[PDB]
Structure formats: structure tokens, C-alpha cells
Amino acid sequence: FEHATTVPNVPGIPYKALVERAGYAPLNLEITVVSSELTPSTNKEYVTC
Amino acid sequence: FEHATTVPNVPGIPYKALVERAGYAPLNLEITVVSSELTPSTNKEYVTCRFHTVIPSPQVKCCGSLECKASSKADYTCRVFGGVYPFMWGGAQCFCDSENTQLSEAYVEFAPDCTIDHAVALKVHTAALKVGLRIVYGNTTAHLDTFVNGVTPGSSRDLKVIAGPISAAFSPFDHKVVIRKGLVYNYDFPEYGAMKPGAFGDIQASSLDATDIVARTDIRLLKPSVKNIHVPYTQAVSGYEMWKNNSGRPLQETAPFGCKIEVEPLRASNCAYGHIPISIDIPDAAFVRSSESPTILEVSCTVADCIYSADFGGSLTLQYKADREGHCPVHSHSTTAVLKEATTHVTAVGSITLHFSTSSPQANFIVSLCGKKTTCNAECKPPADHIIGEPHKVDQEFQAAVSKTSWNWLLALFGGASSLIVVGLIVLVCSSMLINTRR
Amino acid sequence: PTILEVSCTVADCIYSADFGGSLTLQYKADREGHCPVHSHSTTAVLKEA
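Residue numbers (full-length UniProt numbering), protein chains in the order written: chain R, 798 to 846; chain V, 798 to 1236; chain P, 1091 to 1139.
Hints should not be assumed to be uniformly reliable.
[Unchecked claim] With the Cβ distance kept under 10 Å, some of the chain P side facing chain R (calculated, not the full set): (1) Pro1091; (2) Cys1125; (3) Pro1126; (4) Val1135.
By construction, these hints were calculated from the structure, which means they are not laboratory data.
Think of the CB as a built atom: it goes at the ideal place given N, C-alpha and C, for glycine as much as any other residue.
So that you can see chain R by itself, here it is in the shape it has in the complex:
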């Protein structure tokens, strides 16, 4: 069983969700964004100084 939910992209916020795989009791779930690393694709156009 796969649960799915949106999570606020806010670092350090311990956003919580509750899964409901009803054949079993609910289970507490926390999706915490420890860190983000949005990396741009780039190339060295040129060096200068």
C-alpha cells in the first residue's frame, strides 16, 4: 500500500500525515523536509577577471 499527500516545501517543518490502510490500524507519518538543494543546470560560459 502506497500513501500519497502534498507536503509543504518548508525546511525544518515537521509536517505530519495519517495513513489509513484500513485493513490495519492508522499509523502516524511525518514528512520532514530536512534540506533542499535546488540545483540549476549550468555551464561555464567563460571565466573573467
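Here the structure of chain R is known, so what remains is to put chains V and P in place on it, guided by the hints.
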């Protein structure tokens, strides 16, 4: 005490019931078809395989003549040929420029490997179904190999049980089938003695060890037309080969109802076709007198987050008040819902949570604990995963496949239409009275 | 564990970025254990889980 019920024939899935013999304490009944062995009555028509061609050592009568004589060998064929003047490495094997004849001969024999790589054609007269039941009633439980005919009862310990016939006389085998090295193919093989050259069963016999083997391979002999002694036979490629290469998939992979196929003897196992009526003659020693069992003064139900699914996706909580502690049975009287738990040790007061499964989108099913009943009800959500590794436990009965909300809107629309027509008719009646009331 | 009944009584609560709200839940439970707890409403989140 005889009780009878129609148990689904799904192998490996339990069917639960609650015998409600008022004289004694209600008792949990669960039926399980652990294995089914639908076995047809069959007789061997003939064995067959790659025929070997013996082209036996030719006969020569250098200065006489040979008249061929029929023989019992399979597809035995021979023709006299004249002016043959045959040679061997030593040279001319006759001293006859003319008036010299060769008696060519040919017959077929089972290839030595037919001892193991061979097919056998079987007719199926009818297929009876033998079923290995596992049954539990109260705490006592038993296993028994029954028959689903309704006249032959099985038995184990104190139990005597009889069942059948099945709701439909389904069978996977067609009237004609062929067994091969544990594989099985339903196939319209030609009857004994009706061999077609170049088709399955073009050679046939009652047994590989038999000597009355017969065949029709269209084997024919051309005139010997080279110095070297020879018999230029030719024949259709063995029909067994033509079938082997083009047999289609074996029934073991195409039999419907998911049933497996096995041999020695030919049998279909774990078939999941129809329903089997079963009559169970439970012994009173299994029950207790009604007053001796626990009984509940009040009980309540609360079902939560139930999911209709093949698995036990539903969970519900029962609360109860009981005169005494003890093992009470629990059952779902609704034909479209079933509980996993069969019994629970009750307490003078308490609550127990049970797992359950159903197809109905709504949990509007009757639950019973020690015979008392409460109407459970909840809107079960559609299952999260589209596919599951276990078969469904109950049919989608239409009376319950309609959700409460959906059924409510259906009855709402039909209520509007029915009310409009009934009110209209009533208005036509009342309007008729208007004139007669004032004339 | 499962709870036969529960009711929510919320004490004096402050709406703020921190856990400025506090509430108390009475419960009736079949057996002791560790129930999951979560907020089904996007407008509120609990500290404990």
C-alpha cells in the same frame, strides 16, 4: 442435527455460517474447500508417437516371382517390382537380365523412445468431483475427503457429511483429450482405426507393449531405379510430430476456472467453479444447552473506515454487556459480508474489535454475537490498491453493490417519477368528481 | 488499541506559529497501548503524533 447450506466452491477461502438451533447455544460453522479434485472417468483409446519406419531387408527372387502376402504389421505395404537386377558392394546380386523381381516391403513400428515420449488419447465419459473438506464447528474441527453427488456421504470423527450436486456440471476436459508427458491437450483426435496420414494419431495401438499396432502413413514404394539395391519408400512426416510442433498450449494453461491439471489419474484440481450445496449433520455434543453458554444482555456495533476489498479491509468495534465470560461465536448474517474472527472470549462487560471483508460499498450488514444482533452501518471507501494477491471472499450482490448514497439517489428519482404518476392519477380521479359534485 | 469513545475539550488556545494551543481528550479504550493521533484538518497541526 442436520443443517444444509450452499458453500461457494472457491478453494482456500472459508465460508462461515452460524447454526441457529434454538434448543442449544448458537455455534460457529465454517466450511473450507482445501482441495478439489474433479476427475473424469476415462478409458484409453490408443497410444501414439513418432512412428519408426522399418523398411525391412528387401527380398529378391532372382529367377522366379514373389507375390506379396498381406501381414498384420502396422500400415504394412509392399509391391513386387520386376527387372530390378540389384547390386550390392560385391556386385550383381542376381544372374537374371530379365525375369528377375524385387519384393520391396515396408511397415511401421513405434520408435524406441515412444517408451517415454508418447501421447495417449482418452475419452472422458463424465467427471465427478471429489473434494477435501476442512470443517470447524465450535472448537472441534475435522478434515474429510467428500464427494459432491448427494448420495455418498463422507465422514470423520463424529461428523457425517454429504454434499452436492454442484450448481453446474462444468468440466474443463472436452469429450476428447490427449495426455502427453504430464501435459494435457483437449483435442479432437481421430478415433481408433480412423487414422489420417500426416495428422495426430497416424499410428495407433492399445499399448506400447502391444503387437497389434496399426497405422496409416500413406507409405508407398517407388520402383527401385538405381544399381544399388534399394527400396525408395516415402511417407508423410509422422503426424505425432506435426501435432507436437503445432499442438497449441496445453489445457494445463488454458483450462478455465483457474483449475490446475494433473495426471495419474487425469484430474483437475482446485477448480473454482459454482456453488456446492452441503448438508452438515453436526453432533449435539458440539453444542451446549442455550442456558449454559454465555449470553449478552445488550450489544452494540460501530464500524470504522471499512474498505470493501477482497481482503479483510474492514474493521469494526463491538460493545456488549454479558451475563458471563466465555467463548461466544461471532458471525455475519449478511450474505455480502464476512468476519475474519469466528469466536471471541466475552466478558461480563467489554468490547472487541473484529476484522471483516465485504464487497458492498456500504457496511449495512447484520452482525451477530452469541445470537444477538445489531445493525452495523458505514460508507466503505473504494480500495486503495486495484490489484491484490488473494481472491475475493464474497459476490457483488446487486442488492448491496448499490451504495447507500447511490441507492438513495436512485430511489429519489424513481420516487419522483412514481409520485408524479400516482399523484397525476389521483388528480384525474378527483377532477372527475368535480362535475358530479355540482350537477 | 482502539477507543470506544473520545471527546475533545480544548483549553485556552492561541493561534500562532508555535504550538500556542492546548487541548485535552477524554477516551474510552479497549486496551492500553500507543494510539496514533493526527489532525484531519489542514488549518491545525498537533505537536505530538
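Results of checking the hints against the structure:
1. Satisfaction of the interface hint for P:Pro1091 is found here, the shortest Cβ-Cβ separation to chain R being roughly 8 Å, below the 10 Å cut-off.
2. Proximity of P:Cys1125 to chain R holds as hinted, the smallest CB-CB distance being about 8 Å (cut-off 10 Å).
3. With a cut of 10 Å, the hint placing P:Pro1126 at the interface with chain R holds, because the nearest CB-to-CB distance is about 4 Å.
4. Because the beta carbon of P:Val1135 sits about 6 Å from the nearest beta carbon in chain R, less than 10 Å, this interface hint is met.
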